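Coming up is one lone chain in structure tokens, specifically the form deposited in one PDB entry.
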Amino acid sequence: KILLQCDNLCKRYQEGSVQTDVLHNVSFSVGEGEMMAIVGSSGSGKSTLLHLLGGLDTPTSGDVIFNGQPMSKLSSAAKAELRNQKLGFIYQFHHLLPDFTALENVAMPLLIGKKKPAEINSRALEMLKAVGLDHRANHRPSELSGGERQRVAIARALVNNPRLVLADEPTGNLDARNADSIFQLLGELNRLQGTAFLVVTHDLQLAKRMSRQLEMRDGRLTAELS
């Protein structure tokens, strides 16, 4: 069946009784194995969309269905189990904890779901051999440079088989020289165990090897024009 179908995810902000409309009448649908590429402006609707896909904000105008489980009648502790197992978040603003090393920063979602220490020392380093950052483990993310601690946050949430990874702007600080050492190993996970993700960017060159091209114009998705 369909994995996730967003129907009427209207997000309208209000201050001083002023209707601030950024998302209106959307019919986005996410499936298993299908890759998306939301290319739009730098201020229209990108991050306001991705915060509603994981349940980080209240839309107060409709409801989003996800695997037969909405979030309209859920508590604050009932959404914590969904955001850890099947959901993932990747940001560009260097949202890494500087007082914690790379040993427990990757294993930080592992310690939430009551995982035993017999699997902590055998799961948080499985994504460090192929990226080449396993030898740079006993260090600190404070005194590192800009092109060193960026690859840690990419494979941070991939610890408990995420069914949906909400990646956002994979190239914001690092150069395109070392960016081609990750842009072909992140999409192989769909053909031997099955998952889904999406890439959101405002530039015009990171959506060339996809399978479905679609743009975003402040909440208008009708056709494919220039």
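Residue numbers count along the first chain shown, from 1. By rigid core we mean the largest C-alpha set that fits within 1.5 Å across both forms. First, how it differs from the form deposited in another entry.
- Core-superposed comparison between these two forms: the C-alpha position of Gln14 differs by no less than 2 Å.
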The other form holds:
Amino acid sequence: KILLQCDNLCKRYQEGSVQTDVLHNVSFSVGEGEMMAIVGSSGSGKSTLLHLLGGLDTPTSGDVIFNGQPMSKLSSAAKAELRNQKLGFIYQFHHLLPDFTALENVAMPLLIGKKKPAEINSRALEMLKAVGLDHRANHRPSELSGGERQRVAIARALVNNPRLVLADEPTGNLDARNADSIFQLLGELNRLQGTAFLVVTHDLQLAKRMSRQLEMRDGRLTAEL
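Shown: the form deposited in one PDB entry; wanted: the form deposited in another entry:
The following holds one chain only.
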């Protein structure tokens, strides 16, 4: 009963012609349906932690055991379709495609994996009804407000039944009154199909809403500090 097993994933980064160990001896266990939170300073390495568990960076020391399959043994094309229906990525820098509309942006994982054309406009427009942006589906995100376009990327990866969503500051560029609207929606997916997600922010206010409370400061922790 384990989703992701992380042990001794020391990531080295070239900082001034020297592979410095920004992370070392990290141990993080992900459970099925567990509510966890990751807090830390801006520079400890909590932003690049999602790239090691996702598959964007190379595990030069150790291996991430996701569902009993190590990603180090997989090839480059073998890690492509794994990150489509099993993992998700939510950022805070508003990484949305400005060429497409709001309806075709959330249907982008449904088009890569060669799904059915009848399933395209059947699992993408219903996600905008849960957030409350179905009336602005045929609009451009460049002419919207600050907090309206940020809610599009929250339900972007939640279209093909994910298992582990790697969030990174979801309450970044929207108001506090709309910040709890995406948090009450995330509590329903554990009662619908039983998925888990970890939230990586900096402040201590929204991190206490999860069940498991643990910090992450330079990869050094024993119980709590």
